[PDB]
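Every protein chain of the complex appears in place save one, which is left out.
We call the chains A, B, C and D, going by the order they appear; numbering starts again at 1 in every chain.
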Amino acid sequence: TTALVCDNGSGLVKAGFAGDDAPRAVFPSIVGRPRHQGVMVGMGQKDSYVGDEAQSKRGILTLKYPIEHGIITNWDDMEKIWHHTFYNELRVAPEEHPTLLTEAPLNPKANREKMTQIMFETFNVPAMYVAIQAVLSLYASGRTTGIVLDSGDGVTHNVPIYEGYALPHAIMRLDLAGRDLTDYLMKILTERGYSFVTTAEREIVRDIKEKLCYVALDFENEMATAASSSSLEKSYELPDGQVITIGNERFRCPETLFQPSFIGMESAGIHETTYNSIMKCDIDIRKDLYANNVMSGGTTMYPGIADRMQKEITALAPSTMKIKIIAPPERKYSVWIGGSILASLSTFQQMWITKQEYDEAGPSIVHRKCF
Amino acid sequence: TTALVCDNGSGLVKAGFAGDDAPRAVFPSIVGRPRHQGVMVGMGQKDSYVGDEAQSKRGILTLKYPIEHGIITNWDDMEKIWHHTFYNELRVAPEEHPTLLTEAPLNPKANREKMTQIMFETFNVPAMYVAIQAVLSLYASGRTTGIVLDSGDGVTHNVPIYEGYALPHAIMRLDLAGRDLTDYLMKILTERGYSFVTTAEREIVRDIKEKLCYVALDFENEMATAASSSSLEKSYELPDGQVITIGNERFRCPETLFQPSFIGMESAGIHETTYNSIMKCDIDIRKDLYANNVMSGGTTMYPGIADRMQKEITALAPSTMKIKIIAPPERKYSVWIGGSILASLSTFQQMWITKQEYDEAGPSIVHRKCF
Amino acid sequence: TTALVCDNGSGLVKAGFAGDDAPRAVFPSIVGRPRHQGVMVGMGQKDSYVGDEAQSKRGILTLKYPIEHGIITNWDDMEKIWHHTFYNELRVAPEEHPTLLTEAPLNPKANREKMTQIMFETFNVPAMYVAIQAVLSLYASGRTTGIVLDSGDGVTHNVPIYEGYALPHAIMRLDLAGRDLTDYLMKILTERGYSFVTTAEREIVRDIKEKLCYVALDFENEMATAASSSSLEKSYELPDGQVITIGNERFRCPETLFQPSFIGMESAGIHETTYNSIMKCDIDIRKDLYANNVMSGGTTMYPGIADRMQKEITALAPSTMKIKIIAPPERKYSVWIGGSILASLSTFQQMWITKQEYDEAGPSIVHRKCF
Amino acid sequence: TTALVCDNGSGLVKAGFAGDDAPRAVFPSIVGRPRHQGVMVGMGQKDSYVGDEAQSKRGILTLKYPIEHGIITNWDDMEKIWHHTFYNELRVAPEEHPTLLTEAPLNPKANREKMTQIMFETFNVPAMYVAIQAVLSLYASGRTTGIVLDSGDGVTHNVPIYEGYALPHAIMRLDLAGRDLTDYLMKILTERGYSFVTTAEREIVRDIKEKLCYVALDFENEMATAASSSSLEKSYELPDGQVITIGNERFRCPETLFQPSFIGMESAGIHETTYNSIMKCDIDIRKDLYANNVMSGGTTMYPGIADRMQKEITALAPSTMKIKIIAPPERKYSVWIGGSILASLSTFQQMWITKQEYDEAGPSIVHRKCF
Partner (left out) sequence: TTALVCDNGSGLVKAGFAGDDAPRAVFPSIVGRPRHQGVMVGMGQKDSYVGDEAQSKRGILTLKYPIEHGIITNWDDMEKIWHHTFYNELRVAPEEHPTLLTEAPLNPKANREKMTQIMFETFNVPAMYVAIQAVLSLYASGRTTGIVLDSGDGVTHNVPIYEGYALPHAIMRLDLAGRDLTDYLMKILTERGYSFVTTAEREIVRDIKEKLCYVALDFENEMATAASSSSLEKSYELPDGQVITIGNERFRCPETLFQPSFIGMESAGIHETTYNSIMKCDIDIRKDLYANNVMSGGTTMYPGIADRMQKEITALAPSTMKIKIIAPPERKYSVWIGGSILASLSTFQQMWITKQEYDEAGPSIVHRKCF
């Protein structure tokens, strides 16, 4: 009956039921294991902690992200997360519900294949489908045309969709994403004087990032004022009362998205990645892509990321071509929302890969129906 | 009662009702098919798009022209176009109306035969007639005598008609037409620095052609000034804001009509094709043909095509023989207009090929009444 | 069946049965030997006196503490104490009961090993386990998280435990403890005019300490008033009616815990030792450690030791971090209480080191299961 | 006296002296600039590295190709390459030798004009000539008739030459070339699981391409076996010992030449591009073109490219028309070889554009003598 839409992203697992307007289970894609021995016999210690558990016990755990750059690496841990998603978070009996998973385009084929295997074998999922995140995001916006710039913790990518037709050859993938920005903060805060090192501390820095970082409209001018006044300087309270004072780093961090060279990344910034994608698309539709630049994913939650990108692309693109960026509230969950929509469509029911179908055809079936 | 005049030309389908002074359905003879896979399940994607649909979705379609050089090649697609012409554009029930189709003289007999078959079998058209485009054009001008130079996208041709009597033996057909000029622009713009390649881009170039190209009165002198000043240079805005600057090519393109060697065409130019046609006609009537040189069809919409041709023929033809070219406004639709007229004539009603008549006599009937 | 929990501490041997809410045998860790010859043949003189015997005959004995700074030095005497603990105090047949011993963290490995050897060889103890005192103390408080500041006669130490996970690397050990405070009184009372010298007199001074000493909230201000009025001055009756009048020394003594430099100890005071321990712990959990600072052990029985330390740490720690010190009644026996609890746990039964297991594996087994 | 034949191609600069049977200076058309800051003051760091320098320092450089799709874009860098070609590679004093450059047919006129300007102004080249690469290739084969399919890194093109007469109107140009195949590998290897992203990594992939890729005779059947056995799977060692295992991609990559749709290219594959060129040629000579299909350029070095194309064209072309493909050893350098030949011809000496002649006539002279 009701599908379980499960946005298995590289940082936040967002799961819920198709038809919901929001995920019911949102928790981090983290599996943590006791950093230290353990002594209290009778404590009820666990071998591993998942999601919010890992968060609450974070300081004594080595925190691992099963997914890295969009690729599920640690399959054992990934399986654990899904286990919790279904049984402890949603508290739903997987075997009675179709599920919808997601991927970043251009992921390794084995990623989907192995993921598929698990859904059918471990969880006995009646029927299942894997959709491209960008595509789903576009469904959430309610558009059939646009550039979907989906930039999560794992990977940043641009998918051009025109009137329902994705344009594979112009899909851009840039591994520079939220996690890299977080690590860049760890580096840049060291410059300032704050030694964040552990995986727990990485996670603390993520919280910093999400509250202080913003995108300068004009980076260089911003730097000039940042190095002049203290108006930019903004304090932050850690878990420990040790207040952190951050200034330049508030925008130097997210600037990396536009100047990836900051982290030694050869690729051009996302404003040029997006632009170049559009250049790969046929002239006939470039105008429509320019006017429907849809941003989504958590890293697009930075203040002024839309304004900045509009400025950048406006400079890049033939003046006249009205550059319009769409960056709706709740775009952080747009992929999941898109999934809810998609799964609730009548037409879409024919896209399910059934257990039987899979058993018959074999693994290859999961590419046959999409990418 | 009212006939449907349907100028099934190689580029613009022009259909309407007999008695109208203009076609009601004018749209391009294009069938487009999804260049790329397609991903949005629930979009309501079509297997093929026709006419204005193909135009609007052009960049993601492979655009085919069913008709090439005046010959209907892709019969399946041709049928689709007629289907839309009748049911979606005119929104008329074919089976209640006689229809008038057109052909370029010297088309392959099977063209008309197969076309005929479809009208009677697919559309159940009460009665139908196929007329030569040039002849119709002359009706539109309201003349009984002249050279009809009908040059469309598909094919250029000269038909000599004298006081109602066509002179078959002097009919000239030259495949060099509008489509070739378009492709010549794609080549010549490459020289300039603009890589137009796709069928979508071909279509873009057609728009360029129709707005910038003009016919030099004296090609060589034009070249001299074109390579001297920048007064000729004229900008053009694509669908993409990428402004195109065009100069020499503005007249080198249409020059091909007078110097077909530019595209490797062995034939003499249209000014000599026309002249030669007249030479094939008996001396007794050459004077009248010279004074009634009727131009029609879209390629004769070039600025100065009339002036240039008058100059050319004047040089070719025995001075004294007043060369007069007729090139009325709306000559772009003269064939269709002629059809409207023809079908509305009382006399003409006896020329209809009825369903019954066809069924009895068989295919051959469609040549028995004309060419 | 019932385990014998035996807190073999450096000053008070506290033994009883698991499940009891208090030790049944509490007596001092002292072995005394006749200071003088002895003449009454027929008196029934002993070669050595132990515990309360040593107390009652104290003035004619050289009193030795087998344990010094947490380390069992005089193994022969230690064995004697255990002998009495079991057979004369508890009056229990060791060989029928599992026993639970304790240690200060970071004790020399040979301490536990030799202790273990004795339990199995001398007393034939079915099964035995050695636990860290701080850990046990935390069990007594009924917490899974906190800093355990256990400060006995022998050694002061800080163990950070977070949700059942001890954090070895942050364990602090400071040999400055109760015995040093006692000896500091002997020194400081000499300043006043009271020559306490013998081991018997040391023991007398311990009684002084436990009745008069208190912790100044603000040492320096305390000194000012102490050197101004006589309101602080407080009398004390010795075993000999010679009343002792003590003033400054009432708080200068315990002050050493916060200013170890008073006794030539290089280490920072316990308020900074505790703080530093927390600093060694990962930021993520420092807040919880601050709010669960558990004090235990006899030296924390000083009046105002909690108030003072709260003040001190509050100054050291980032304001906001609510510093909360736990210092429950009966914390003097918290280690023993913890042992009672621990041994009574069902889970814990698997932690016993059995005679057999020991015989097989050998000595190393006693570190393999903990520190 | 001796001319310098300099095949300034989009990937390998091949220069040498006329009369040589092989180029003396073969190095890549790459200009690299320090990706990272640089710290060793005293290292003798350069602002840019060219050719083999760029190769050796590749990982710390942003590698640019001055030429893209046959068009010299970065003129500054292009000039640098020529500078090195002459002075450091050949070690020849340009001003004493005539030079022969090459172009892909249908390049933008300004390409040749600007190139010309540089030869005369920067290098003071006595006399210079620019020849079409395809034409030269035919000279190398020693034929006067055939289709020259020259497919390099930049651009693929077909030139029909009949008994010394090139047939401009049938020249086909397809930007799909070696560089696109390389980038397609980067995409397809991502599917496999290998993230190649940087310009350095692009270059690594080129090496992969040139060693593993081969052309399936029957792509679809190849796929069937490739997805069945592991016999196709072939390992590759990177600069880093990280062995890469490649299977399907070994032929899916070069398949793009026959099915350009793989990279979103609208054009038909090279087998149809070639065929269509021949169709544009007059019937009278098509037979001779069929029997003299000369392949050259680096992309025709793929194993089985000849066999495959013969199969393809054989299917396309009227059976009877013996399709014979010429694909001689060293066809990779055939353009350069052709240049050596051409420049060494006595007749050819009259084709030189002299410095004086250029100065007098002006830029236009470089088109006046050819295309």
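Simple rule for what comes next: contacts are C-beta pairs under 8 Å (C-beta built on N, C-alpha and C of every residue); 3 or more make two chains touch, one makes a residue touch a chain.
Trainee: Among D:163, D:237 or D:284, which residue is in touch with the absent chain?
Mentor: Reading the full complex, the residue touching the unseen chain is D:237.
Trainee: For the chain left off this view, which of D:42, D:142, D:318 or D:329 is in contact with it?
Mentor: D:42
Trainee: Which residue numbers on subunit A touch the omitted chain?
Mentor: That gives, for subunit A, the contact residues 35-36, 62, 187, 190-193, 195, 197-200, 227, 263-264.
Trainee: Against the chain that's been left off, what residues of subunit D make contact? List them.
Mentor: Residues of subunit D in touch with the missing chain: 34-45, 57-60, 198, 200-201, 203-204, 237-243.
Trainee: In the full complex, which residues of subunit C touch the absent chain?
Mentor: Spelled out for subunit C, the touching residues are 69, 106, 108-110, 167-170, 173, 175, 261, 264, 266-267, 280, 364.
By definition in this document, only the chains that are shown with their structure count from here on.
Trainee: Among the chain pairs A-B, B-D or A-D, which one reproduces the interface of A-C, with more than half of its contact pairs identical by residue number?
Mentor: It is A-B that repeats the A-C interface.
Trainee: Return the distance between the CA-based centres of subunit B and subunit C, expressed in whole Å.
Mentor: 108
Trainee: Find the geometric centre of each of subunit C and subunit D from their Cα atoms only, then give the gap between the two centres in Å, rounded to an integer.
Mentor: 86
Trainee: Compute the distance, rounded to whole Å, between the mean C-alpha positions of subunit B and subunit D.
Mentor: Chain centres of subunit B and subunit D, defined by C-alpha means, are spaced 41 Å apart.
Trainee: Listing for subunit C: what residues touch at least two other chains?
Mentor: Subunit C, residues with two or more chain partners: not present.
Trainee: Quick one: label the inter-chain contact graph as line, ring, star, complete or other.
Mentor: Other.
Trainee: Hey, which chains are touching each other here?
Mentor: A-B, A-C, A-D, B-D
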